[PDB]
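Participant: Listed below are the residues making up each chain.
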Amino acid sequence: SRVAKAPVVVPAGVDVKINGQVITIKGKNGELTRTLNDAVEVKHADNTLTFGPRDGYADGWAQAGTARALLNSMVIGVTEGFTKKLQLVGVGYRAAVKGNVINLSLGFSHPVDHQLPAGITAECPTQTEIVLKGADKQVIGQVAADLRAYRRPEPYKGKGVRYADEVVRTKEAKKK
Amino acid sequence: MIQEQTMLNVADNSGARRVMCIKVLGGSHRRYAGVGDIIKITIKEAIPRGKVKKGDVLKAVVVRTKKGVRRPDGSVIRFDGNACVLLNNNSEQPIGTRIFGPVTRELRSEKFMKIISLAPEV
Amino acid sequence: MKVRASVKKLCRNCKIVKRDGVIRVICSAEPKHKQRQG
Amino acid sequence: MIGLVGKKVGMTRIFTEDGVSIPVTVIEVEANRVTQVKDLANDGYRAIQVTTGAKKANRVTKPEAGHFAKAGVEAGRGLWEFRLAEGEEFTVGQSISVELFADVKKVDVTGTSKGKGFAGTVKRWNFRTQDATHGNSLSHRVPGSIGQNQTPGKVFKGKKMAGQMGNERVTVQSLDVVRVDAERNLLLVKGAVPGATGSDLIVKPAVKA
RNA sequence: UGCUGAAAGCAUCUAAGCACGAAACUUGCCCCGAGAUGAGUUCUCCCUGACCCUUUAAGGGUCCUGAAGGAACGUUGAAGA
RNA sequence: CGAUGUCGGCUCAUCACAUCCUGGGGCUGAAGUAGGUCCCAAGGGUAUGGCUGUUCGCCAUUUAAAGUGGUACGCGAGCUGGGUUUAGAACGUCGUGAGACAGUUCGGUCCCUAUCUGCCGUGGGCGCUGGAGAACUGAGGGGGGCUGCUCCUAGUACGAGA
RNA sequence: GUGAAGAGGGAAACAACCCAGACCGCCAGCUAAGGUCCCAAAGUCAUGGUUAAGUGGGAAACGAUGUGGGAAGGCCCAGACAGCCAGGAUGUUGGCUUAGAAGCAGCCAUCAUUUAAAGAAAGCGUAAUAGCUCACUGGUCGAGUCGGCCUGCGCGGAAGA
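Going line by line, the protein sequences match chains H, A, U and B. Heads up, the first sequence is in full-length UniProt numbering, so the first residue is 2 and it goes up one at a time. Heads up, the second sequence is in full-length UniProt numbering, so the first residue is 1 and it goes up one at a time. Heads up, the third sequence is in full-length UniProt numbering, so the first residue is 1 and it goes up one at a time. Heads up, the fourth sequence is in full-length UniProt numbering, so the first residue is 1 and it goes up one at a time.
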């Protein structure tokens, strides 16, 4: 019990429209998103959002912290979002976006042809930069990890979709 | 049909009269050959008044078989015996100068681009 | 790989995890360490 | 969608300057009545009746003509109800003939098979039979059975076993068209088709590439 | 392979919860198949008797009148033992 | 012991595994092309001739590729009857000797008028609640399927370069 | 001892093992070992304790932040653990051997400072410099946290017909 009673305190214009178990959210940076849970009971006021136990179910304050976490990650989503961190690396490798589909040249005999889930969009401010925009913290991290999954870096190559965070694996040997 | 370690008849001059077959080459896992297939040959007696030597290896093309040519002319085209024409084992084209009979336009296959310069049906 | 039987840990560089009955050691000193047990 | 029925008439040659004479099979077709559709009124099945078969009755089955449309009754030698999918047709009267078909380039062809002699195992599966030279009495071509050692107490039918063949449908997902006459109802197709002269066939425009 | 996140204020491919993944599996399409007694579902067709006897919410008999269906002849078949 | 035809071959099923090419992914004292080496995966593919009665093994020649065990040492009322251990005989050795012998070799007749269960085909009966004619659905079964080269990816990735 | 050469009751089918001994009968009747959710007659009993594997219902060695009872140690309420912010410097060129050492392939010594504060050692990054994560220490949230012991209980570890 460290944050499961902590009231979140949302900014002005964040209204969090609630119907029993159903909680919906919208704001100046995020289009209408729906959430649903059966493990913990949620009550809301003008700006203070409050989770807690259910009758007949056990240890509810240990789930209320998790239920608070994923919802407060949408409060920031619909107001300011997250900073850009996803990039593309490799010779001739480039991205473009048309509606819900990303066209990606990755040294393959097809252009990957990647489609987005619901409540997520993509932008490339340069041919090597990828900006994923939604309201759920999960969908952006799932699609980033699915873009990451194409070929993966390879130990002497280091090429594909990567983060703005250096990983401590690099080879420089040996030549036959 | 067409066997290894078995003699084959010659259909051109100065290349002896019977020559030994060692490999039937050709298509995927194939243990036989027919008209226009290529064969690996070895010569032991040579007949030294021709153009071939004793103890040497050659490349040949099948020109006569009893089964003959099956598709391109709307009728089967059969020939007499079981016979081949000898070719240069590197530089291609015939080593003799008097090919017997008309031969056939079924020899105009992807394995031959210069054969069209010869005076038979090819 | 090596499959081992029951393995003790003693290295700060291994950020070890467990999933679906198998252990991943997640090394950056020798990334070829891959034994499925711990 | 369209489809017709006909018979195998025989073999012809179209000729070329490339020396090939090219085998081409002749079929004569009949016009299709397309009298009525069965469409979801009771039970989930959908079907369109082409009928077209007409045989002198004496004889000839009753219920396979027991729900004929408000037209002159012609039954026997064909019904061809099959199955319908995503066709959104007229429920009554959508008749067709060969002037709707003469522009077709490739067809899908169906017919029925007959037995290969005794069938059994040899002509059923193309198997080899045991030899009779310097061995074997009365045990050369006998059809055999699903024999296996009893150590498991149950039988296993994994060996391909004796029985009957044919009496079923056979089909072609694409065949090229060669020659057409929409006055003689002739459709000439590239190469060969099942059966011999006078055998019944079903033909429609191809949907496979 | 993964996402997000508690137990363990970190971290975590599992706890609550969400996305993937094999040539195989369930399936596509072709054939056989409801003896599938778990007896499914549908289209079609047809018969509108009296009196008597045996304790019988069921049978037995004699005539009256007869339907869908069935039996089956020898010409016989690519149905073929 | 008051009777279990044993090993090799021809013929055909059933189960499994720490895998020969194929699936999905990593490692190298892996730059790339390839072989190699590990994990899950046993669904698909699964060489013949030569010496032998066979195998092991050696040998020959192919190929993408030439994996294996268990089952009454899997199946002799399907077939075969060479191996081996009771007819017989010979070359040779050895014993005082009937003879002995993986010391060889040549041979030595393993068979059958399917009762009854199963399987295949094919007739006949019967419960589905008045009786018949014909279809639709699909519990369930069978089929699926492995591979070189070559065009395209691209002489791109990697590499003086090959 | 038991069967051998013993009926019944119990025990998956397994002479022996555990109850108790088998003259005959009844519109009867009590307990023994054993059992009492279904299947199979009697508690899905009352109460107390522990375990969460879906265990127990095959298993050795062994490893890992699964869990009650009991007794103690280290740290701890200007304050612990985890975390985030901030440091990552100097005396000093680390002595011996040497090809070879900025602690970090062999050997093993040995003291301090600037300071709110930072190691002749913990582990890397190199040609060095840089720099990075910790030790140590400061700021800050705020109660148990660590590693073992006794008595009990989970998890896998664990391949063939």
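Check the hints yourself; a few may be wrong.
As the list claims (entries may be wrong) - Estimated spans, in silico, between C-beta atoms of each pair:
no.: 1; chain 1: A; residue 1: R98; chain 2: B; residue 2: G19; range: 24 to 32 Å
no.: 2; chain 1: H; residue 1: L71; chain 2: B; residue 2: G44; range: 37 to 45 Å
no.: 3; chain 1: B; residue 1: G191; chain 2: A; residue 2: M1; range: 43 to 51 Å
Hints listed in this document are in silico derivations from the structure and should not be mistaken for laboratory results. We put the beta carbon where it would ideally sit given N, CA and C, even for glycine.
Participant: Does each hint fit the structure? Answer for all of them.
Facilitator: The hints, checked one at a time:
Checked against the hint of 24 to 32 Å, the C-beta distance between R98/A and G19/B comes to roughly 26 Å, which is consistent with it. For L71/H and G44/B, the Cβ-Cβ distance of about 44 Å falls inside the hinted range of 37 to 45 Å, so the restraint holds. Remark: the range hint 43 to 51 Å for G191/B to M1/A is contradicted by a beta-carbon distance near 26 Å.
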